[PDB]
Every structure is written in C-alpha cells, then in structure tokens.
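**Student:** Just need the whole structure built from these sequences, with the hints factored in.
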Amino acid sequence: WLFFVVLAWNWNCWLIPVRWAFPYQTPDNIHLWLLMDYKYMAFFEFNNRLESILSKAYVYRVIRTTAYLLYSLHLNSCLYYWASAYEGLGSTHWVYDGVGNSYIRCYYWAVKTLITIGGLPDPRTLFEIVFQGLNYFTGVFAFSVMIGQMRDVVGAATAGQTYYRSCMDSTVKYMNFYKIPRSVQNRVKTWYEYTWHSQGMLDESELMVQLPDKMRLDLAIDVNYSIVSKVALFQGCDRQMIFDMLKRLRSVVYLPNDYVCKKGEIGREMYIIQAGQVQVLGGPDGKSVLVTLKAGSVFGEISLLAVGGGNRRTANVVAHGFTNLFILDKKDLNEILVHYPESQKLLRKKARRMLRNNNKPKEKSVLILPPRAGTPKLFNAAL
Amino acid sequence: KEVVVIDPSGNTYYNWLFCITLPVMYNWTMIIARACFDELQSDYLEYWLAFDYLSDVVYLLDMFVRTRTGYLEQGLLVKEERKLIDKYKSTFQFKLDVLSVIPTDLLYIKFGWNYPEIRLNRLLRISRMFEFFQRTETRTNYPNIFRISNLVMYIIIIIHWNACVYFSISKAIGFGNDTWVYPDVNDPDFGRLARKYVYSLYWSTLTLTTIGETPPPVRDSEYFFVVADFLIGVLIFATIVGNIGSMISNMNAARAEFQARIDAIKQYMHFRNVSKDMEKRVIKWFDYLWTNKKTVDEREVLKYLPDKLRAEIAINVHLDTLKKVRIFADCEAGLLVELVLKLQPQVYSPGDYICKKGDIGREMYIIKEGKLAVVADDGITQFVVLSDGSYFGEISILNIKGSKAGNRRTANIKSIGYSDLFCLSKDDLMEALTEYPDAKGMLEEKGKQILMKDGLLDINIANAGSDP
Amino acid sequence: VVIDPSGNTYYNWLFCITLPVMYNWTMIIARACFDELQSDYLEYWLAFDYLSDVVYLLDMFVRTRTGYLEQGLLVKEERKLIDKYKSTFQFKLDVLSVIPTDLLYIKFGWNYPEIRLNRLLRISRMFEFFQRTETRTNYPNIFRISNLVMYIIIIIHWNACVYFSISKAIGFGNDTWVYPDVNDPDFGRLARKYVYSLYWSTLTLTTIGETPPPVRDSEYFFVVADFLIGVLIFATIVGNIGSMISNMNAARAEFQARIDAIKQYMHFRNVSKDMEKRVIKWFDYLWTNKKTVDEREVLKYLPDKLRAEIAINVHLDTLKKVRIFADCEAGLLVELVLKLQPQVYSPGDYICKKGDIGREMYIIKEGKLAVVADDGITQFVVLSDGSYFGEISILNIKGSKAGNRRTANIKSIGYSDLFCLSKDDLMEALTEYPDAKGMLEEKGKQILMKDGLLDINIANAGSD
Amino acid sequence: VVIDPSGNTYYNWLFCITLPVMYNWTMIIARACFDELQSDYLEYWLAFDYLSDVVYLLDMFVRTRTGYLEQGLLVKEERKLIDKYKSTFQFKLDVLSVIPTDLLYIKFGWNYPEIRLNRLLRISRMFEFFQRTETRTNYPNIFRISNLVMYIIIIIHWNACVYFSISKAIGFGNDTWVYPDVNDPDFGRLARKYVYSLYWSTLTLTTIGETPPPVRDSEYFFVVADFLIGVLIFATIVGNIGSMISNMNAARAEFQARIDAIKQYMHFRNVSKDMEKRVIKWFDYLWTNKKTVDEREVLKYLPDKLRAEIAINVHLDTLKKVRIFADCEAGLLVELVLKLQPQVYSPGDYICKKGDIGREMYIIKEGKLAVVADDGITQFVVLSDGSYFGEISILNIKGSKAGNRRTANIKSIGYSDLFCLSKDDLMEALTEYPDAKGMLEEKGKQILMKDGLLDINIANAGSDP
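Chains as they are written, first to last, in the UniProt record's numbering: chain A, 773 to 810, 882 to 1226; chain B, 151 to 618; chain C, 154 to 617; chain D, 154 to 618.
Take these hints with a grain of salt, some might be off.
Straight line, CA to CA, 20 angstroms or less: simulated EDC-like cross-link-like pairs of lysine to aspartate or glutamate [stated by the list, open to error]:
no., chain 1, residue 1, chain 2, residue 2
1, A, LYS1057, B, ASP247
2, B, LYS453, C, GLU450
3, D, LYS576, D, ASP509
4, D, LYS507, C, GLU450
5, B, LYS564, A, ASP1061
Derived, one-sided and incomplete: chain A residues facing chain D with beta-carbon distance under 7 angstroms [what the hints assert, rightly or not]:
no., residue
6, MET989
7, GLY998
8, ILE1023
It is worth saying that the hints were derived from the structure and are not from the lab.
Note that CB positions come from ideal geometry on N, CA and C, so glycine has one too.
**Tutor:** Quick look at the structure:
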C-alpha cells in the first residue's frame, strides 16, 4: 500500500501547483489529473521497518527530507504565482515563452529567491517584505534540520572508539605516574590491542546484567552443556543444581610464555579450555611435553574437593600465546552445595574416601570411581 | 500585624505575572520608534499621553505585590509584615526599584514637547518579563514550539531597532545629499509615514540578511555601519542553528540506546555459534519488549523516590491477592505490609517449561494476565488451565513435620503465550516472620490441619519435646 | 624574599605582563605597511619601545624568585631555581626574544622599523593568563565568547593590511579591481584608506561573490584562498556556540526524562489519582527549592578526614545533650556520629502509629511535630527542635513495660527534615569499647526507676 | 617469507604504496581534457607511467606473505596463503586492473591516457593507511580536518575539469556562459584557461548564481549538481568539526559540576567560613597538579593476572624493611600487597592523638611527619621516608597489656601521601599459611618481653566445656 500511496500523494501534491496558477499547463496535458483524481503514521512506521529490515538506515530519511525540500520549493513557487494572480500582476510576468523552459525558470526563480537574495525585484507594493521573510525562514529551517541529521548520524556512528582511546590514554598516563620499566608497557599495549580487536566489547558480563533473566539460562544451556554434563566426578545428580554452577563462571585470556601453575604453589581453581592449546610441561629443561590438550577438556578438577591442590600443584604448565580458557573457583562450589545439600553428602563422602586413600594406598586407576562415584547413588537418594 | 499573603505558586501569581508584562513590552518598542520619526510624536500625542500614565501607575502597583509574598521557614511560611519587608529592603533588586519609577516628566520644560527620549528608565523592569515565559514553559502541555517562538520574537525586535537606527543616521546629512541615504522627501508620494517606515524596514532586513542588493556607500561614515551589521548577522545565524541542533539531538535518545543494545547482543550471539532457533526466539522476544514500550525494568524505575511514597504505592498496587490466598486469613497486617514490600517480577516467553517435572519448587508463584497449562510428560492435551488468578506452590514454602516427601513436586507445567507472573521466597518469609512470634503456631497448625484433611500420609508422629 | 606560585600577587603580576604583548601583536604590520602612520608620530613611539624592552627585562628576573614544591614544601633556595630556569625550555626562548636587534637600525635608518619583529614570542604567558582567569569567574560563558570575538577582529585586521599592501605593490588604478587611486582630494587623508580596506576584506571573506570582477593572474588565487579560509572560520564559530548552548541545558533534560519514566510506568499499573497529584507536587517542590540532587552520592568524594570534620561540625552539639550520653568518651560519640541517615516528610503524614516496633531514635532538625490522638484533633505537645522521642527502645533492658510497642501516635505538621539512628549500628559501634555498655544500661534503668521502671518484678540475674 | 600485519616496516611499505596511487587519481583527468598539455612533456607521461605500473604490480609481493593468525598461534604458513587469497575476494580486482593496456591505443597513438580508466580500481591502501596512522600519532586533533580539506580540494578539481570539457565540446563564444574564446592573447593560453575555469567552478558550485539564463537544455545539469553537492559538503564538514570540538573538552565540565554541587551543599547548613576555606584550598591543590583522578577505577578492567608486577615494583623495599613480616615466603607478600589502598593527605593535621583504639597499618612515603607531646612544642625525632611507628596493635598479641592507647600525638607538616592497611583483611589473608602465625605471635611475645616492659604472663584459657 505504501508504494502506491506515496506515489499518489507526491503526484497530487506536486502536479496541482503548476495546474492552478501557471497559465498554459492545466489544459495542455490534462490526462494525469483527470484520470487519477479518484493523521498518517504508517509511512513513518514502515520507514522504521525498512531501516530495520534493510542494511540502510539513512537513505529513507534522506529522500523524505529532500522531497520535503523540493516540495517546499514548488509550493513557494505556486503561492507567489497565486499571489500575483489574486493581485493581477507580478510573479515572473516574462516566463520566457514556453513550458519546456517555463518549468526550469520557475524553479530557478524559486531557488534564487530561496532566502532573501532578491536581486532584480524592487519594492512594488505592500507585503513583499513579509513574503521574503517567510521564504527566508522556511529555507533556514530546512537547512538547519539537515545539519542536525548529519551530526546525529556522525555521532551515533563513531561511538565506542572515543571511549576506547579514553581508557587507553587514561591508563597509560596513570601507569606512567611512577616510572615503570618498559616491558610491562609493551605487554599491556599488546593485550589491549588484541582484546579490542575481533571482540568489540571489553567485559560481556555488563551486558548480561542489563539483559533480562530466564533467557540467560537458555543461552548458557545452549553453550556449555556438553563439557560439564559429562565428567564422571559430577555425574548423575540433580539437573536443577548444575544451572547455578554454570551461571557463575568467568572468562580469561593469557599471552605467550605464561605460567599458570608455577610448581610449588597452592591453587584453588579448575580450568577449562574453549579455544586454544596448552602444554603440560615437565620443567624448565628440555620440554617434557607429555601432552597438549586441544579443546573441550578439563584440568585440575580434584583440587576443588576440600583441598586446593594439596598445598602444591601437580605439574608445571605454560602456554604458547592466546588461550581463552574459562575459570571456576571453590567458594561457588561450597555455596551451591549448601543451597542444594541434596548432593553435598555424596560429594563429601567422595572427599573423605579420597583423603583416606591418599595416605595408605596408591590407587592409580583401580578404586577411584566405584567407591567415590558409588556414594552419589544412595546419598542424594536420602533427600 | 496579621497581613494576608498570596501563595507564591498559585494561579493568582501567574495571572498577575501576565498582567505586568504588557507595559514593559510596550516601552521596549514605542519609545525608540517615537524618537526616530517625528510625525507620530507631536501628531498623535492625544492617545499617547493617556496610555503612558496607566503604565506608570501599573509600575507603581508592581512595587506593591512584591512586599507581600512569603518564604517558608520550617515547613511554615512567615505570614506577617515588618519582617516580610526587611529582607527585601536589605537585598539587591531594590536599587532598580528606586531608579525605575522616578518621575522625570519635568525635563520637558527644558526640552519642550519634542523629546520622548527622556524615558530611558522604564527599560529596567525587564527581569519580570524574562521570568514570565522562562517559567511558563514548565506548565504547558508540550514544549518545543515555545523556544522557537521566543527566538522569532527576539530577532524581530532586533530588526525593528535597526530600522530605527538607519533612519536616525540618515536624517543627519540631508535627505538626498547622496544616493545610499534615504531620498529627499518634500516631493509627493513620499513622506506620509506609510512610506517613511516600510521602506526603512525593508532596507534593514536586507542589510542584516547581508546579501547586497542596495546601492553602496559613498560618504565614509557607514563604512563602520555596514561592517558592524555584517558582524552581528553572523552571530544571529550561529545562535539559531546551534539552538536548533541541540534541540534535535535531545528529543531522540531512546532509539539510539535500544539499537546499541541490540547491536551488542547480535555481536555476542554471532561470536559463538548457537542454534538459529535461539536467534529467532531472542529477536521475537526483543520485538515484544519494544512494541508495548516495556524497555525499562521495575527494579530501577522506582529507585529515586523517597521511601514512604514507595510504601504507599506498593501497598496500593498489591495486597488484595495476598489476602486472597487460601491460607493467610487471620494475619496481622503489620506483617502483610513488609511481606508485600518483598515481591520480585518474572516474565516469560512462549513454550517455556516452568517446573514440568520432579524438582524442588522452593518459591511462590501467582499469575497475572497470561495463560498456563498442566500437561503430562509428553505434548498432549492440557489437564487444567491456570487461567487468571490460579496458583500452586503454597505448602512447599514451609517445612512441616511428616510431609508427603516434601519439596519434590513432579507436576508438569508449561507456558504458551506470555505470562509475567510474580515470585516470593521462603527465607525472606522466615526472616520477616521472626519478629511476630505468635502467628507461626497458627500457620503450622492450619497447615497440618489441611494436610491431614487432604487424606494423605502425614506420619503424625508425636513431637519429642523431651528436653524443653 | 619568596612567593607561592598560586598567590594573588602572582596573579596581578601575570596581568601586568599582559599589557605590552597584545600591543606588540597588532600595530607592527599596520605601521610597517602603511608608512604614513610613522614618519609623523615618532615622538609617540620612543617611550613605548623603551617601556616594552624594560618590561621584558624585568620579567626575565621573575623566573628566579618563585619556587616550586618538594613533595611537602615549597623549594626556597635560588641555586636550584637558577638551575631550574636554566633547564627550562623557555629560557632560550626568553634570550631570543630579548635580543637587541637595532644594530641594523642605523644601517637601515628608517626604511624598515619592522626589524623589531623579534620581541613577538612571549605569548604563552598571555595564553596562561587566559587559562588562569577563567577558573575564578562569577559567570564565564560570557568571558569566553568575548575572547572569541576578539580573535575574529584580529584576523579581519590582518587581512585588510595584506590587501592594501598587494594593491600598492601592483600599482594604483591599472584595473577595476585594485584600490582605485591616491592623488584624488579624498583618498589621501589616511582615514579613508584604512576603513575602505577593512570594508573590502570583510566583503571578500563573506559568502557571496559580487565585488568587481578580477582580471590579473594573482587575484583568482587570492580570492579562492580567502573563500576557503572563510568557510573554515564560520564552521569553527558555529561549533563552539553549539557546544556552549548544549552544556547549559544539561539538568532539565534528564530531570524531565526521569519524571516521564515514572509517569510512563504509573500508567501501566492502574494506580489512583490522588498519589499522582501528590508525587507531582513533590517533584515540583524539590525542583523549585534548589534541592534536586540526593545527598548521599553528593558527599562521597572527599577523603576520610575532611568528611569526618564536616560531619562533626554539624552534629557534635546536639548529641552532647541526649539524656543517656552523660559520660561517653569522644571516640564512641564520633563513631556514632558517622551513621545518621536523612529522611524527609510532608504535611500530613503518619510518621508512626500505636504499639509497633521500636527501632529508631529520631533527632529532629528544622521541623515541627505534634502528638494527635486519632479521635479528631486533640494536640498534646508540639516539639520544636532537638527532640529525643525514643532513647530507650534501642537500649533494650530486662522487664520492659511493653517491649517495643511505642503507642504514641505522632504526626508531622509540615515539611520536617529529620535524621535518625538505628540499633544494629549501635551494637556494631559499641562492640569496640566493652566497658560503657554496663553504665549506660545502669543509668537508663535508673531513669526508669524514677517512674514505673518495669511492669513486673526485677529479673535478678544471680548466675555467678 | 613471512610478515606480521602489525609492524613499523609494514607501515613504511604502506606509505610507499600510497605515495604514487594519487597520480592515477589526479593527473589522468588533466591530461585527458586539457589537451596539448601532455604535448608539453611526453617525456614525463610514460616516464612515470612505467614507475606507477611497476609498483602497482610489485604490491603482490606481500599478498603471498603476511600470513593470517590461527587458533592463537603465530602466522607461520608458506603455501596456504596464496590459495587462501585466491579462494577469497580482492584477487579479482588485483588482476582486472592489470590489462597491459598497450594493445588498443596503438590504434590511436602513444599520446593520450583516457584508456587508463580501469586503473582506477585499486583504492584500498590509502584508506587503510589513513585509518592505521592515527592510532600512533600524538595529536589526533588536526588530522581529521586535514583529511576533509584534501577531499574537498579533489572534488573541486574534478568539477573544474568537467566544466572545461563540456566547454570544449560546444562552439566557443556562441554564448557568454561558455569559456569566452580563443585566438586572443591570454584567452587562448593555458594557465588562464584553467585558473579562470576553476574560479568559475567554485562560483557556480556556490548556489548563488551570477550567471546568465540557460542557453538551451542540457546545461543546467551543472548548477543542479552544484547545489546538490555543495549542500552535502558544507553539512558534513560542519557536523564533523562540531562533534570533534564538542568532544574535545568534558573533564572541565565534570569538574565544574562537582564543585558546584559541593558548594551548594556547604553554603546551606551554615558551615562556618574556615571550613569553606579549607575545602576550597584542597580542591585547588587537586586541580593545579596532575592529581585530579582516583586510581581505583583506573585499574578496573585489567586482567585478573597482573598488577602484582608493578605492585612489587613500588611497594616492596620498605615493606620488606619491617621487623615482623621479614621472615615469610614470597607468596605471603604476593597475597598481601595486592590489597592495600592509598591515603593522600593535606598538611597540618593530627593523624593520631594520645588515647586511641584505632587499628590500621600506616606506612610513610615521600613526605615529612613529626610527633609532639602535648601542645605542638618540643618536636622529637623526625620521621623521614621509609618509617612508621607502633603497628603492633594490628595483631591481637597476647598480653599486649597496654594496647589501644597510641600515646603519641602525631602531626603532619607538609603534603604527605602515606599508606594504609586494615586488620580483618590481614586475618582473611592468613587463611592459607597457618604455620607462620605461631612464629610471628612468639616474635611479638619475645620482643615485648624485653624491649616491651613487664608482660602480665597470667593469660590462660577460660571456660573449656
């Protein structure tokens, strides 16, 4: 409906002017009016739709505005013509004898007298000053709204980049407050560059809070179901518990030659890999690279069970470069298990069985699960 | 000493303000437009010498209603003179009061009847004129026509002043001694106050729109004049465009924010490949959020009000249905108030399984407008409609002895359209009950009564109470 | 024999330096480019050069008398300051700007008295005088707009001088575009030429091209360059003005945005109209009386000590008079002081009711309250200021007559603004000093002993 | 060969490639329309055309180098780059611009360039160079306006050339509007022929018309374009400059807003004048230096791995010079230092007076402190950098027997900027190293046994059951 409606409205608003005052045009080609004489916001709504549905969000407003401008030009032309007709004389008494040039000289006269430039005309009678004033104002209005739209678009376009430099130069001046050696400058610079590129944002958490609830769960269940809901340690329990466990997770990114488990430290964390590759190293010497995990793997899981890494981590680890592995701490584990004490007893029983087999036996891979993973069965069954 | 006082915000104030505007606006034009010409002065002074005195006496009256307006002390607005006046006498804004009423209509004795330029004082009572429509904007229905109307007014008065000045300078060299200046006048068709003014106005407007369709200067006094005129026209243009730009930027700050958020969510979604069904669902939820204009959240909309107003609005909006629940009947409202103060909304999407199976269900859910149904494990016909005010989840919120394997309801419920219900919490009910140690017994007694009358397996074991 | 780099004596001397530099910046081009202004007013122009030279010389001594701070105190020994100035970048700029270059004056006679162009670079001092004077203005938007206009005038001046020079270089009257002639009776009076050239330059820099057409080669180049410069100038001006007008209308927009948000919501849930009017009048009151902002976030910028000093200076005179704080040590008092939370009421509000929780100890500041029985109006007592209204419900003691009931029925009369104090905060505060608690409860029990004291016998705690 | 897409050498080659890519954008039009200008110097036309084509094809020396990053591993490929580029886009133009072009003008001579049209396809190096350079400069202010100026000059050049072309098309002198005529000195010469046209071009591009009526149809197209593009040019330049000048200053505005709010508060509860003096002096000392920030939020969005480096860089020497913490595993200081907070501080204030039950750690740093007894008289030993006093209270040592006193009456003389640390923070931070707790406890015990006065020694367990 919109296409034909706007065509018809442009036609009926534009053809009539020259067909009421300009002398030799209303009977000359009287076919369009004769055969087409047969609170609006739908046009605005569908322009809104087209901006949304099509890549362009500016051509529609541009064409509407320039159509308004040329419509105003034509309407001013017609109204001064009718002012002359009502008064009898005036309004380009010499149109230069022909429609083919009458049209062009008419809108040339309109664009000439657009604001106040005058030129040829001289004071003839009353109301001329007021006439020139009104035309002046309408021209100024159209021009001003054009600049307004332009600055609108420029500002709305170049939005986050200014903030990006604001962060960067603020922190560089700060860090420079105390004369710190260059290495960390280079490190922080490349960190910032890599983060900013290919990501756009800087901390996706702040989007999560603004966005509602009850769909964040759907996002998390569409993203991180697999790797977690397969590990035998947390296997086979209340499905409605793991959801909070998931909801509290946090990302991090490392760089080349990055210690993560420097041997001889405590540790309280279970890492997990999303897109990268890390090497289980065997010391600063010739790289005892036993294996390098690829993706969808887990590491250091036992340390979350009542003792964080046994006051000394398993083995040294370093990274090639950019890793992007998630992180999950222990406080979350204890809080989720106290909210849902259904499985706290079974995880706890596994923990005592592990500590009781940590001293007297070795138990490489023979008695790990069946006595540990056996305790989930009856324990939560006692809920 | 008990004088009556007007309210400093009542409609009387507004109407008197509209009264005191006409005279100063009249004096801001007619004095100079009478100094310029001389064929209205000494020609129409009959009505003029009358119209002047009414405005003088209205100025005098203006000096009055200022001293009888109060100013609150401590929720109390002082309501007597002899100190309603001391502050006004001691402040500023009284020097103008001294100056701008002095009758100097005697200097005409040394200046005849051809100098109505002696009245260069009535133009100091302008703060009131400003304030009138500086303030009336906040009372109107919709602004954003008022600013442009004001700018139009100011520019028009400017051009009138300049059309005055041009004639004033013209009649100092001789009518017709040049070609730039106004022509000679003793000839006919020229000099009857209908041509002596419109022509000047035309010339002034052309000159200040600065395009140059008039004969050029020749005498070297106006080489100053035209320069100054151009240097003022530029500033006029700058002011109008800057003002309209700020206006047009301000009245659109919602769409930009909404589009920025949709941008962020689109980028994040297409950063880790998710099923496209989620894209469809997410976008067909965002459009729903936008369409009924529900972008804001009830959490933060209300966060700035003082606490009390929040209390009254909350109690008004919802206590009826809480008192409509099938258990809370004989509850001291000194509890229901803090209970109501603890509600949090939930809003849902089509085809969401709320509980659907054996789970904990440790909350309280009451339905607003929306449709819910209870089904079996599979996608079959509904068994009951939770049409308009239905609710379950009540008995779960407590923990009574000898329950029927509590907090593991296995019913199957599901949303279809859009629901937007509300939620409560067990722990909060505990903490807000802590201070009324009498109802708890009644509540648990009623719960045991209903559970027993439900024909269920309450183990009904006697309590221990062995050690008090 | 010293001064701070921030005292008003330094400010006045900063103004004092400013007078000659602006003077030097303008006259030089005109008085070397018209050649009529000199050759007849020389006696006017001995003392000015003398003055400017000696002013430069004396000022070059200031930089070795004003110290700087050494981490806690102002350096006040010159050798470092002499070393400091020697290390300053501007010192060599000073030396360049103070060079006596009139050794060529005799050699060049008076062909070019423009050789003193040297003394034209100590302008950063004018710049910092600008940047230091906006910080202490009553209302500075006007100031900056004035500075803008000053700059525009200066540029117009330079353009006019350039045009006249190019005309005299080409030769008077060989066309219909150059400056017309010199031997006529009027275009020789030294007053026509300056002003005509000013008019010329302004008409060129404006938008329309309507002046006499060009013929020669250089003038098309000149015209195009001036057109471009003019466009740039106009853009700068409009941008600056728009920036100011935006910064001025800041608050009102967001204020009305908040009000609109509230109304938009309050339409959604079908609320009643009376509170509509109440909230609207509330907003209007708070707007008019210039107390729109909320005090909490307002205060928390200063560090600890200053915040504490402000806090004590508006409260440590009422608490000194509460009944039960007869013999409390200062530290406990201050620790209490820092936990008072503003509330505000309006005429006709039930601040409390009968027989409910006793959980606060009000201390009114600037209001009026009265106790009205619900039955009609039977006002008993009106309280002016410094009213306790409490002071025992917090200090819980055994055998309370009616533990935490407070059947009083008070009500505000109009627009009172009262602080408050909680009880968990009192416990957390008193935990530090485990001594006074006993004496406080003791004297409170004595106060009760003067009247009723209980509703039952003493619950003697003879545990030990 | 292998290159990284972020390196100074890569920028230098970008500058070299972008240098001769504008010849193809300007000189071609002049030589196409202003005939007999090439005839002046054909010893330059081809003499630079060869250089242009040499570099224009040597650019592909890098489209096979400069590998793409993969899975967080460095660009280290030698054969997948070429077929990557081929499968992807930007290879089509990279050859479509590269017809040898010498097999058509042979039908027309070695004189004119208007068949070099297709070499106007490779415009990405200049765009990329412009966007890349600004992220390294110091003064991003002038760059954007310089860029816009260049663009405007170029479009003026185009319009001038097209006007003279359409002039050449029609008979010269048949109307005043067209270029006047030839067969006349300086009206049939070169320099005037284009300068005058340029002047005419700017005049007509400005909307206001000083021109005759139309000759016939198909001439008004010029003024049509003139207004249609003049409006857009002016609008965009104004918008850009306005946005940039607006954004330039906002810190001043925010500082002023804060000062305004605080002043409105203070002159409302009848604060006495002296306090107003003190607070305004403090905000002065704030703004007149570079101390006008709060560093806590500055380091907000760093990774959860850093700041221990710079931490131990700044807070380590004096902290290691203490008589309680010295015996410790470095992990202890690593956990500790990360939790401190600053305390800037104004001259002339008693930090602590005799009689005080405060509990905090206080480290002097780059200032001057000094303690008096009772009335600011008879100053005792001065406390220079790297010092403190007391600090034993922070731990509830058994038998402290005099704690909670701080009988010092300490005072500050000049701007001090010392440091602070809480107590419960220390207690929480000792949830992993229980062993050292006993040794530090006994250290305090022994030091207060002799250096401290007589200890009570009667401390014992209370109610066991």
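**Student:** Now look at each hint and say whether the structure bears it out.
**Tutor:** Results of checking the hints against the structure:
| no. | hint | result |
| --- | --- | --- |
| 1 | A:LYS1057 / B:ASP247 | violated (67 angstroms) |
| 2 | B:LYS453 / C:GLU450 | holds (14 angstroms) |
| 3 | D:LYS576 / D:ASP509 | holds (16 angstroms) |
| 4 | D:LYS507 / C:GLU450 | violated (33 angstroms) |
| 5 | B:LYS564 / A:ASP1061 | holds (15 angstroms) |
| 6 | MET989 | holds (5 angstroms) |
| 7 | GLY998 | holds (5 angstroms) |
| 8 | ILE1023 | holds (5 angstroms) |
In summary, the numbered hints that this structure violates are 1 and 4.
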